[PDB]
Amino acid sequence: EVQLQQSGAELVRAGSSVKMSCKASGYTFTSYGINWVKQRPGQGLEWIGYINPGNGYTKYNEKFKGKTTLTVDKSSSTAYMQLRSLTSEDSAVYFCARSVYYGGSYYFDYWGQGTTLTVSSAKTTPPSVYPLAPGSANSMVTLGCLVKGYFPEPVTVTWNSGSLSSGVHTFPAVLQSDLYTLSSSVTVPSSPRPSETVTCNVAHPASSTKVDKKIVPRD
Amino acid sequence: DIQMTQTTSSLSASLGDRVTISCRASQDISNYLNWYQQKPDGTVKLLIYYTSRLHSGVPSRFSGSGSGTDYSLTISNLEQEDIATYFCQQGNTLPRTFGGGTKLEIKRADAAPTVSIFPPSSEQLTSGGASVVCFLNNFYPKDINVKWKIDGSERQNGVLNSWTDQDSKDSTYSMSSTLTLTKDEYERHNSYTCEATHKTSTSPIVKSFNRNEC
Amino acid sequence: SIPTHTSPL
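Protein chains in written order, with the authors' numbering: chain B, 1 to 137, 141 to 222; chain A, 1 to 214; chain P, 2 to 10.
Just chain B, with the same shape it has in the complex:
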């Protein structure tokens, strides 16, 4: 089975560079080319360039040349893509794909899971969990929890350690000031709160943090 395992997620300072991987298996590495595609949340896939393992021939997309360099290791069936002089715009998920010939021109038949690149000067830092209670001023009440200032992703949130599953919406994080911020909501009958305890549990593996925040009445 043709397969392409790409490198793990990367974290780098702007102005620096990075070299990601793409190990191929299940087929003749030199008999096929490897293309690199870029994907930023901002929809679309950009073709970065292409490399031929046999000769080492490289063809670049003018906008990615100068900063990008494609190479290969015809001994471990691994293709590398180096990105230099990084900036916020080089933050995305990069994929590698195999090209096949079919009547005239090529196409990509197999892709890798993708490699996530986050260009930032941030260091691992736990989030601050702020409890969201209605403002001091009927039947179903929504409560929230704001998880702000953490790095890097992911963060795991649950309510009452899982005993509160329904009516829960944990939103995607967003890159605040070089840091991530997310939120979560849970809707319980007015009989359960503040009559009982409602707690958001946010875990952040990278910082080895497990926070339990209680949502209490008033501001």
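Hints are computed from structural coordinates only; laboratory data are not their basis.
The C-beta atom is built at its ideal place from N, Cα and C for all residues, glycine as well.
Keep in mind that the hints are not guaranteed to be accurate.
[Unchecked claim] Straight-line Cα separation of at most 30 Å, DSS-like style, residue types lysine-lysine; simulated pairs:
1) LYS169/A to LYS216/B
2) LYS39/A to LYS142/A
3) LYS183/A to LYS123/B
4) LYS217/B to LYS183/A
5) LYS63/B to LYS103/A
6) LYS19/B to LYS63/B
7) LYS59/B to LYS45/A
8) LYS59/B to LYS39/A
9) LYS65/B to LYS45/A
10) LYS107/A to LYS183/A
11) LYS207/A to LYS217/B
12) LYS67/B to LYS45/A
13) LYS149/A to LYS199/A
14) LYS207/A to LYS183/A
15) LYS216/B to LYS123/B
16) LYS39/A to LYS19/B
17) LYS213/B to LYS142/A
18) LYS147/A to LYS45/A
19) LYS169/A to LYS213/B
20) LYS183/A to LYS216/B
21) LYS45/A to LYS207/A
22) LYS216/B to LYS207/A
23) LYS45/A to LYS23/B
24) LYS147/A to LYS216/B
25) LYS169/A to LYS217/B
26) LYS39/A to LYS169/A
27) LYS45/A to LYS63/B
28) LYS149/A to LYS39/A
29) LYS74/B to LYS45/A
30) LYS39/A to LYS23/B
31) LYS19/B to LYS45/A
32) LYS74/B to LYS59/B
33) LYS65/B to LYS19/B
34) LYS107/A to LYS207/A
35) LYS39/A to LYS63/B
[Said to hold, decoys possible] Covered, in the sense of this in silico footprint (three residues per stretch, anywhere, with C-beta under 8 Å from a C-beta of chain A), are these stretches of chain B:
36) 33-44
37) 99-113
38) 123-134
39) 142-150
40) 183-191
Keeping the supplied structure of chain B fixed, place chains A and P upon it in accordance with the hints.
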């Protein structure tokens, strides 16, 4: 280079429908067109290549055609696992280009969002920061505009928004909006508003509070 | 006049 356009960033359909995703090249691609399917988990897959038409090992319900500049993917009977993002791509000229992509979603009945606003938390304020939060939950369709007003007007700085993907049990969407300011700016004003405008109604859904009534 | 497959870019 050759620009690939996919009119329709998001497309609605019901399981069992015959879905047709389009894509238009800036110039004659001479049938060198490919279709890729990306799932939410981020993985990508090839479905069709060469002016559409050619398969790979993908269900026959996937069909492709087109010529010159216009091409299209058709999923004669749409299945659950078919819910994903489809991108076209021309392989006629260099540099290879993709279309913006079309993400399918499930057809549901209109549902107005439930709205909730929240003042800054005591905990946070003591850190000198202040974020007002507003959730707009379980609404459909996914298009919605949120507006924040401070003391009755404008305000767009600080406002960072987040949207969930369509839900799996119900087919609604949810969004979170957060306005962040300093403890000081926050304490220099009184009324904070979150207005949600959804086709669900002409008049916006408004939620707010006044610092003085706290 | 073409080929068609077991190839690459």
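Unmet hints by their number, sorted upward, for this structure: 10, 17, 18, 21 and 28
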